[PDB]
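Participant: In case you want the letters, here they are:
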Amino acid sequence: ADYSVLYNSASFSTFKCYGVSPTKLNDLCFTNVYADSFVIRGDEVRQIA
Amino acid sequence: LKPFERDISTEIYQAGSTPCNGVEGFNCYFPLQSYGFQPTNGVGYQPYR
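Residue numbers (our numbering), protein chains in the order written: chain A, -5 to 43; chain B, 8 to 56.
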């Protein structure tokens, strides 16, 4: 993992971690990370949460 | 906070590279949140003296 280049990238319009801290993600070990990607509107980002 | 320590600072909390404490911006949250007590809330959500 290497989320430190993505937390300090400062090029995103949405970046929040839920149930976990967004300041530690390259120190917490996990098992499987599933990435789902989709593009929506600007009046539909708040619905996805 | 340490035993018998009180906070009087209103600074904005700094998250990530982007500085805060009044230079408000992306990842600049205010830690002091309101409780929001109402009688319509649950009994675990009501004020305790």
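These are calculated hints, taken from the structure and not from any lab test. One thing to keep in mind: the hints can contain errors.
[As the list claims (entries may be wrong)] Facing chain A, according to a computed beta carbon distance under 10 Å, are these residues of chain B, among others:
{"id": "1", "residue": "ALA22"}
{"id": "2", "residue": "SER24"}
{"id": "3", "residue": "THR25"}
{"id": "4", "residue": "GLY29"}
{"id": "5", "residue": "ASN34"}
{"id": "6", "residue": "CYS35"}
Here a beta-carbon is modelled for each residue, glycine too, at the ideal position from N, C-alpha and C.
Participant: Run through the hints listed earlier and report the numbers of any the structure violates, in increasing order.
Facilitator: Hints 4, 6 contradicted; others consistent.
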